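In C-alpha cells, the next block holds one chain alone, the form solved without its partner chain.
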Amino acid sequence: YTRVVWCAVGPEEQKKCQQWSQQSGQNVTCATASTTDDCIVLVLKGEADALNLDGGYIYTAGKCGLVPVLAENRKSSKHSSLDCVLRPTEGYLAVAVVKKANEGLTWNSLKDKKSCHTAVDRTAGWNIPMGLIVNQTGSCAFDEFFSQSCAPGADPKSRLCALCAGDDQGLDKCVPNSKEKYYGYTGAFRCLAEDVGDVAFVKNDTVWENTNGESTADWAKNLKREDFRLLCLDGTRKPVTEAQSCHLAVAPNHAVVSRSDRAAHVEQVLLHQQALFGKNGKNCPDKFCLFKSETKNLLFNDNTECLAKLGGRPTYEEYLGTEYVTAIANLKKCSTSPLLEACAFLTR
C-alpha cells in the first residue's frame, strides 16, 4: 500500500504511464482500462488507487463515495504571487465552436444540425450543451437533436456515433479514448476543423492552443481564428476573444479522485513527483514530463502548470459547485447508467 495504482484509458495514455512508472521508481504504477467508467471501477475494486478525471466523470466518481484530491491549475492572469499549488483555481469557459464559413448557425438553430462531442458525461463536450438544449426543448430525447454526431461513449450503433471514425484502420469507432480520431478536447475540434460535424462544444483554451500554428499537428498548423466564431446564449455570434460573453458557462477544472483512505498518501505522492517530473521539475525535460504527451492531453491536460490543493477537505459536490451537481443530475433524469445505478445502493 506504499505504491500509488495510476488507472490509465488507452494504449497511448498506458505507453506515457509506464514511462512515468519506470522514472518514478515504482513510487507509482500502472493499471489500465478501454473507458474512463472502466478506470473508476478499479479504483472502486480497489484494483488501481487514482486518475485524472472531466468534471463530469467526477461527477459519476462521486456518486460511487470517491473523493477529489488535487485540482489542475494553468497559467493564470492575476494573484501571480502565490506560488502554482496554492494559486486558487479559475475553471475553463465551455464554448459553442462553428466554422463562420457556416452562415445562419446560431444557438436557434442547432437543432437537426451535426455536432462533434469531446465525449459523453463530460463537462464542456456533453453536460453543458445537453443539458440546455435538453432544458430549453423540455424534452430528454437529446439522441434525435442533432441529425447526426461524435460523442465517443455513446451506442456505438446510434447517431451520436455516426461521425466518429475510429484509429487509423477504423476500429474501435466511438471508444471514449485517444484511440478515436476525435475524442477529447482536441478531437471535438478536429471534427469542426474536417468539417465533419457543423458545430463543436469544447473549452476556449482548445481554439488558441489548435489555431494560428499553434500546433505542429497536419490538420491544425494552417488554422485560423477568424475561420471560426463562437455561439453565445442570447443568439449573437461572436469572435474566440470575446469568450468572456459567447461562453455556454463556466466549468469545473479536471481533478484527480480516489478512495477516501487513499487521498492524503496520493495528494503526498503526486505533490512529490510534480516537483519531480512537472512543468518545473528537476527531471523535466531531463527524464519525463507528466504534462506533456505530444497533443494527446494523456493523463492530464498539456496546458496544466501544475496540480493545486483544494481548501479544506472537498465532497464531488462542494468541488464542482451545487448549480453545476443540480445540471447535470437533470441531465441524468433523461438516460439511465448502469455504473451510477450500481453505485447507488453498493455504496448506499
The other form holds:
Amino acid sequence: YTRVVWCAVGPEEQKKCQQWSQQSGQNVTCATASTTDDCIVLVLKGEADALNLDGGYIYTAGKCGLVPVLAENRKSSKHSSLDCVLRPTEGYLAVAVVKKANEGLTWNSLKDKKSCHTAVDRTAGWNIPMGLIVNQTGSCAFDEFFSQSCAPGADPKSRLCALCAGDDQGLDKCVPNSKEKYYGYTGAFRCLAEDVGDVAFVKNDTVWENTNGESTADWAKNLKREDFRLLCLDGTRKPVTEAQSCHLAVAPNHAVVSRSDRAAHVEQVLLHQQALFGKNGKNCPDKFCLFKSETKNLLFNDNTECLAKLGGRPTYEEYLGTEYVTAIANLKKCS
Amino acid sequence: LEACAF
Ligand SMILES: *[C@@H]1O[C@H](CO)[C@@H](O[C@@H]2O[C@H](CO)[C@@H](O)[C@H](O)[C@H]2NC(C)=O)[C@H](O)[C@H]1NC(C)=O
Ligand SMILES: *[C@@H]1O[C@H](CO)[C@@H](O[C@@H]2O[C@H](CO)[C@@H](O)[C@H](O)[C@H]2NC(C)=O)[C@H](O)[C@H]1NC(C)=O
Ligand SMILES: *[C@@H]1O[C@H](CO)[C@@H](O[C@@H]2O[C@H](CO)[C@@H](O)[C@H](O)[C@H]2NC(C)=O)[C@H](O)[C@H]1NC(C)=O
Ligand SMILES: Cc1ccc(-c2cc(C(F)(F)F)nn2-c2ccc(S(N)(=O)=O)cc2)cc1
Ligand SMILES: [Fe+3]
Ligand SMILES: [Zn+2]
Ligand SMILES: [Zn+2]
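Let's see the other form, the form solved in complex with its partner chain, since the form solved without its partner chain is already up.
Full assembly next; the chain just shown is listed first.
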C-alpha cells in the first residue's frame, strides 16, 4: 500500500477529487492539470498515478505506454447474476442527435451546418463522426466541413471553436475541461438543446439522462425526449428510443489508465475505494459518492455503477479493439 | 501509428 495520486482535469474535478481525498483519509490524493493531455503527461512523469479516460484518450495514453486498469460499467441492459465488478463491459452507443423541429436535417445534409462535440480526440464526440465524415467526403479538410462548431481542444480562433462559450465569465472559451459551458457529453448536448448547434455528437445515454425530468439542472429540466431525433447513417431520422438501430458506432467504455508499474496498486486501491464510495458503497450517500457530481460527469461518468475488472490483462489496443484503433489511426493521418 | 505524441 501507498497513496494513489489521481489526476483531475480542471477545477471542478479538482474540487471533487479534494473531497474524495479528504474522505479516503489521504489514501487518494490529487494532482490537477488543465487538459486531459496534460494529466496524461503528469502520469508519464510519475507526478500523478491514474485517471479515468474516454477511449480516444486511452489511445493517446496507450501510445505513450500507459495501460488500462479497470473500466466503467453502467447498468447492464440484459440480466446478470454476475457482480458488477466481474461483469463484461458493454460499450456505449455513439449517436448524432438533432432537434425534431429541424426537419430534413439528416446524416446526408450535415455539410455547412453547426455542430457540437464533446472534445477533439474523444470517441463519440470526435473520432467516430469525423472519421466517418473524412472517409465519406474523401477529404482531410474536416475543419471546413461544418460552418461553425464547438469542439473543445481545437484552436480557439478557428471555426471549430466559434460556438464554444467559455466559463461563467466568458473566459477559457474552448478549453477541453468542464469550465467550458459546452464541454463533454452534457455540454455538447446542452449546445444542441440551446440551438447553438444543429447536431450534437454524444452517446445514447446522454439524451436520456438529460431529458424528461432526469436532470433538474436549469438548462435541462424542461427538455422532452420527443423533441429530439437520432441521425442514422442510412439517411433516416429516428426517435431516441431507437439508438440500437440508429448509431454511428459502439464505443469502448471509459477506463482508468496508469503507468504499467503502478497498475496493480492503483487497481487495489480503487476496488477498495468503490467499496466505500461507489454505488451503494458503505459510505455513499452519507459521506461521499465517487460516481455522482450532479450530472457533470466529474472524474467518472455519473451513470457508472462500478469500475470493473478487465478480462485478459488487455493492452490498450486489445481494450479499444482493432477496428477502433485503425479508425483512429486513419483519422490522425489528416493532422 | 508511430511514437508517443509527447
Ligand atoms: C486507507 O488505507 C489503509 C491501507 O490499506 C486502510 O487500512 C486497512 O484497513 C483494513 C480493512 O479494510 C485493515 O484490515 C488493515 O488493518 C488496514 N491495512 C493496512 C495495510 O494497514 C484504510 O482502511 C483506508 N481508509 C480509507 C478511508 O480509504
Ligand atoms: C440508451 O440510454 C438509456 C439511458 O441509459 C438506456 O435506458 C436505461 O436502460 C436501463 C435498462 O436497460 C434502465 O434500467 C434505465 O432505467 C434506463 N434509463 C433511463 C433514464 O430511462 C437505454 O436502454 C439505452 N438504449 C440503448 C439502445 O442502449
Ligand atoms: C475510414 O476508412 C478507413 C479506410 O477504409 C477504414 O480503415 C479500414 O478499416 C477496416 C475495418 O477495420 C480495415 O480492415 C482496414 O484495414 C482499414 N483500412 C485501412 C487503410 O487501414 C476506417 O475504419 C474508416 N473509419 C471509420 C470511422 O469507419
Ligand atoms: C458490448 C461491447 C463492449 C465493448 C465493445 C468494443 C468495441 C470496440 C471497438 F473496436 F469497436 F472499439 N472495442 N471493444 C472492446 C474490445 C475488447 C475489450 S477487452 N480486450 O478488454 O476484452 C473491451 C472492449 C463492443 C461491444
Ligand atoms: Fe466517450
Ligand atoms: Zn452497430
Ligand atoms: Zn492480450
